[PDB]
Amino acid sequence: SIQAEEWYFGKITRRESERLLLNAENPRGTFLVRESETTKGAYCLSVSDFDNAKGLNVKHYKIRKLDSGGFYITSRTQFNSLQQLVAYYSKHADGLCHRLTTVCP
């Protein structure tokens, strides 16, 4: 289950995810998965980033789940579970601001 996952924060708002991710101790790629605020059945992958320009900041990526079974951010790259999606993005930055690194405290 998705609920079993420590990086799954469930029903928390976008603002709350930012409050948690904007901690100065967080390195790039600190992340969490939560429900989308407004898209029924969809999730959001919230990720911390850092650059000298913007400093510490947060990006949010919508994760879709098909009834047909797949989880994905881009339809071209789907996974059989949210867990597999997270494992993939921990190795590939692809189009994300950074590869996933550590679960948000």
Contents of the next structure:
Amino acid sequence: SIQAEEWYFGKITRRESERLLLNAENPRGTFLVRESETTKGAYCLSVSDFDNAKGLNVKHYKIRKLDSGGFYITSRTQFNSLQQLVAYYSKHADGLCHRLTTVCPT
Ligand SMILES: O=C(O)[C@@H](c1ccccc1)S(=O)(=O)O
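The structure above corresponds to the form solved without phenyl(sulfo)acetic acid (256); please provide the structure of the form deposited with phenyl(sulfo)acetic acid (256) bound.
So here's everything in the complex, that chain up top.
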């Protein structure tokens, strides 16, 4: 049950995810998973980042889910569940702006 996950914010917009993530108290990797605004069957991983050039900022990554079962941001790296995907990216930055750290406070 992905709806049961505390990091799943459901039906919130890209702008709302940015409002939540752009809080100065959020360290790099603060994140949430929400519905994609324009891709049916897809989710979006929103993550906070911070650097001396941009300061506090937010990146969004589309998560695809196959009818064949797999979940992925890049098709070369798939998972059997969204929970497994989140756990993997909490340990590996790979192409993300930062590894996933803490769930975005509301
Ligand atoms: O449509 C989407 O899933 C989202 C998205 C994610 C990354 C890039 C473009 C669009 S959005 O919900 O932020 O627009």
